[PDB]
Amino acid sequence: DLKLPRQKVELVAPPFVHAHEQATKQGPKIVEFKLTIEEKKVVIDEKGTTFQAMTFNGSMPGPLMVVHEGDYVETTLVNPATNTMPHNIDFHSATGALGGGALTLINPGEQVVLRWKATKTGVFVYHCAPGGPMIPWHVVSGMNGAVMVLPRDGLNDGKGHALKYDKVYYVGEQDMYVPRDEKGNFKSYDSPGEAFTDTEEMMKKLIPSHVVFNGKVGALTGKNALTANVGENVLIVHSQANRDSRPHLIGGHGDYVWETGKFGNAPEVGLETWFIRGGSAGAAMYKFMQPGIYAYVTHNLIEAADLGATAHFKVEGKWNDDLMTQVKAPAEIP
Amino acid sequence: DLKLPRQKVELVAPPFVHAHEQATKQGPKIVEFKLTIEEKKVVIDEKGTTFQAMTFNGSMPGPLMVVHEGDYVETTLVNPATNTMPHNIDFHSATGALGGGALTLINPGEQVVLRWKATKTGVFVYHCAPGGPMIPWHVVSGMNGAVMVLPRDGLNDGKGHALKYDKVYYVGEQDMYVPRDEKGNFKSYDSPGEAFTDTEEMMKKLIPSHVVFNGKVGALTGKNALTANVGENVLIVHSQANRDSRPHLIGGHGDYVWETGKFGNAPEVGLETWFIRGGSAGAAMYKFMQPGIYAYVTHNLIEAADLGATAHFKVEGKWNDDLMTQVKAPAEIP
Amino acid sequence: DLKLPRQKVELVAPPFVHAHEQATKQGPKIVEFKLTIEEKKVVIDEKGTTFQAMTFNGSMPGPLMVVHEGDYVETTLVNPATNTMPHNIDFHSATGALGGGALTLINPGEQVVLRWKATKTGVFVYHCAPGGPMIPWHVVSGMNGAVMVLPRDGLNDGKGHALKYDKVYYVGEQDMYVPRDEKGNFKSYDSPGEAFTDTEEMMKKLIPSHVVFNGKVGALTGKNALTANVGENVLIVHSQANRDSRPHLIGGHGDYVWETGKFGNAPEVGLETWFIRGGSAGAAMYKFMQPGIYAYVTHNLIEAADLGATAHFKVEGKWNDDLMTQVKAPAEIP
Ligand SMILES: OC[C@H]1O[C@@](CO)(O[C@H]2O[C@H](CO)[C@@H](O)[C@H](O)[C@H]2O)[C@@H](O)[C@@H]1O
Ligand SMILES: OC[C@H]1O[C@@](CO)(O[C@H]2O[C@H](CO)[C@@H](O)[C@H](O)[C@H]2O)[C@@H](O)[C@@H]1O
Ligand SMILES: OC[C@H]1O[C@@](CO)(O[C@H]2O[C@H](CO)[C@@H](O)[C@H](O)[C@H]2O)[C@@H](O)[C@@H]1O
Ligand SMILES: O=N[O-]
Ligand SMILES: O=N[O-]
Ligand SMILES: O=N[O-]
Ligand SMILES: [Cu+2]
Ligand SMILES: [Cu+2]
Ligand SMILES: [Cu+2]
Ligand SMILES: [Cu+2]
Ligand SMILES: [Cu+2]
Ligand SMILES: [Cu+2]
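Residue numbers (our numbering), protein chains in the order written: chain B, 1 to 334; chain L, 1 to 334; chain D, 1 to 334.
Simulated from the structure, these hints should not be mistaken for laboratory data.
Misleading hints may appear alongside valid ones.
Since the list gives no way to pick out one identical chain from another, each pair is judged satisfied if it fits inside one copy or across any two copies.
Said to hold, decoys possible - Calculated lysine-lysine pairs in the DSSO-like style (CA-CA distance at most 27 Å, straight line):
id, residue 1, residue 2
1, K205, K314
2, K204, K41
3, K167, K29
4, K29, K328
Turn these sequences into a full structure, and let the hints steer you where they fit.
Put into structure tokens, the structure is as follows:
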């Protein structure tokens, strides 16, 4: 019925994003994506705490999918027989059938193919949502990512000027609920099913044990710091499928920010901290002015420093003494 | 002194809203409303947990009051002798005297009549606020609702175009604090006064036991699902008098959203999830494009699925395969 | 190198703000400020609970610094030898070096001088951030304040009209974490270092024991109520360095509100409640229309009434019966 050109995308693991055009002369296409569910025990902190994760494509978050307004997104969702539970997918970008969830419930050993038209621009969450109490559990176990639906003319500032990024990163924040035993040590479990009772009891108290970017404390640090150069315009897409977050670039700003994440609305300018509503993605762009280390955090600083929610940028370039200078180094008080 | 026409309104129980005009050729009127306080033990979940509720007009939330900018709202507040506590009313829409609270404190057996001019457009909370520690307790016991103050020309998109809804629903979200005994079972109490000590101790820890729409788990489901048809523009007014919420229509969008709830500001467009600040009401409109079941949730999914904060819409009409289609049903992996 | 005129500012304790111009014919200057760190045990509630505070200039919050866009802000930070810990300062308004923190780490007995150019307009947090787990601890111990960077033409409504305030107040909200002993009584400690272990364990659970304005329950009440007169336009700057807040003026409104706090964006109009993201400052202006007592709260009413987060305004002037009137005083029900 639908006779449009087909284009396959090779998804890449976060925080990177598959290659795409911003402004495009292409017309609508059917863009084809594949997600393969993986349930797996992973390590989430530098002390070796383990977690029963459930993921799209083996990562937390799931990969960022990028399309343009009016494209048709055709996803093959695969639930291999090596998994234990049914799963599905719900796209906040899509219209009808609970975002697709009512059409994609698959048991281990099955796959399904869903197509939806990208009628709404912005960044959007996608997540598993099998039904009932399983919905929060699968999401907070890691089964969420995001999609970005660009205008065909690319981004603008609302005020007819184009806003072109040099690079884009996707920072998926995950609230995790790991129960503790009587000693006060984090518990380990042999299966997601076995983790369920204790994990649900903790979840209902609403306080996470960990809040992490890219699946683990320190994931986006050291060798895996985010990078930029002075003069580069970087777009940071930030999602949180269950709980609020308040992103902040320490030493920088959000030059243009869509905190509700939707490109039909003009961005706000010159923010210090912005707010990602639980169940949403937002986006912020910043042109780096200074070299050095920056930290990208949620600005609940307890969560950032003590629960895991800190990434770093390492930025190359020349220091600008007009913008900031140490007039007098630390010295004894006169 | 004030010589304007008087109009009586028959309030209706949420989620329905009393009949009103959007755009009107009427001039200012004195619009007359009556609220009768009822303290009552109610059931809040499908397991039979009870709660000592305090309500305006017998409902949680209290009913939605609808007027137009420049009307005078004249409320008779009635506290029958069958109640145990003093009560009052504070309207966020009103100016002076703590929103009216300083002029409406009434003991059991008394009534009072307050008039305020509707100078600010939008949706606003109203709530009881007797003084001191009683303020949070009365609010989280159920004593809150909302008022909607429409422009006389009706709603607009900010961009000179009219925005007319086919129907309006009021979803009042309530955070409830029910203490547990040593066993781990929810406690029942013989009076609001007897529930006070244990309830205050829990309240100060800031974690609700239940988060519900329209007073109970499952209230807006089954026979009491919200309804629409494909092609209908529905306005959903959402209030939360004490705690933040993040509304989301699963399978839909907020086509036009006033998340801070005030019609002097243009709506945002094409949202996935929006944010209702504790102590406020907001409003979102959506034109349904697909038939079927939708869930309307706060997108803290633990609260939605496990604590009570889910409503359903049942929508009639024709499925649109252009917008979404199951290209291949669940099948064994090749 | 930088040859501009120098101007010294005498900082004043919150909620007051040092004298400044709104619109100015001055060009860029180097504006000189001094902050002296003080670690001190203070009383935070009317029951006599004590707290190991860490402050800029002896106050919580630290004082508001006011400059204009394109000024250079030169701060001398002083850490006297009477303190026990290293400290630094990070300005969200500044660009590079973690907001200045990477250039201002000072041991007891040292001082440092930092200059930054005020390229971004709005209200911004400043806070200490020494590194690692110390970052949240120093902030929630009191080491935060705000700076306001005004346009040189003063404030505007976005719609070419000027917005001039008659007075400005700075309300700094502090979430505090005071542990309890087995009895259930709040603990007292002999030093910040001794309070650290118990305080960090509580902090990671994310629930404060107290939420206060200006450092203490009841600080901005009685003799220290905020004041205004009918007809006065008051700007209220509100900051929260770690945790969200939802300000509300009971009996009033936010006539013009920058809830993300940045003057490059037009204000929203006619709000009931606004939202300050943890790690940010915002600002709201209101022209008083009625005399009497107003309460300024966070509209989590449990926090406001039970945890400490209430200020009062006492307003002088003539009551306006058109806006609100008690039509019939409390009487027996007919
Ligand atoms: O940035 C979106 C914002 O900008 C405005 C102009 O104020 O419209 C621009 O963006 C639209 C969506 O990309 C374009 O269709 C339009 O042509 C362009 O002017 C606003 O209408 C919009 O909210
Ligand atoms: O939607 C409100 C938003 O729209 C604007 C136009 O951009 O003004 C419209 O709405 C006002 C309030 O209803 C009307 O008085 C006005 O005539 C109309 O253009 C904005 O000014 C406003 O913020
Ligand atoms: O209030 C800021 C908001 O107003 C606009 C006009 O809609 O610009 C005004 O404010 C700018 C910043 O102060 C001035 O430079 C400009 O000249 C003035 O019109 C918007 O552009 C801005 O977002
Ligand atoms: O599953 N580990 O690559
Ligand atoms: O009070 N029950 O209808
Ligand atoms: O330290 N007291 O003024
Ligand atoms: Cu799943
Ligand atoms: Cu969802
Ligand atoms: Cu009451
Ligand atoms: Cu209120
Ligand atoms: Cu410090
Ligand atoms: Cu900071």
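Inset, instruction - Just pull the numbers of the violated hints for me, sorted ascending. - result: 1
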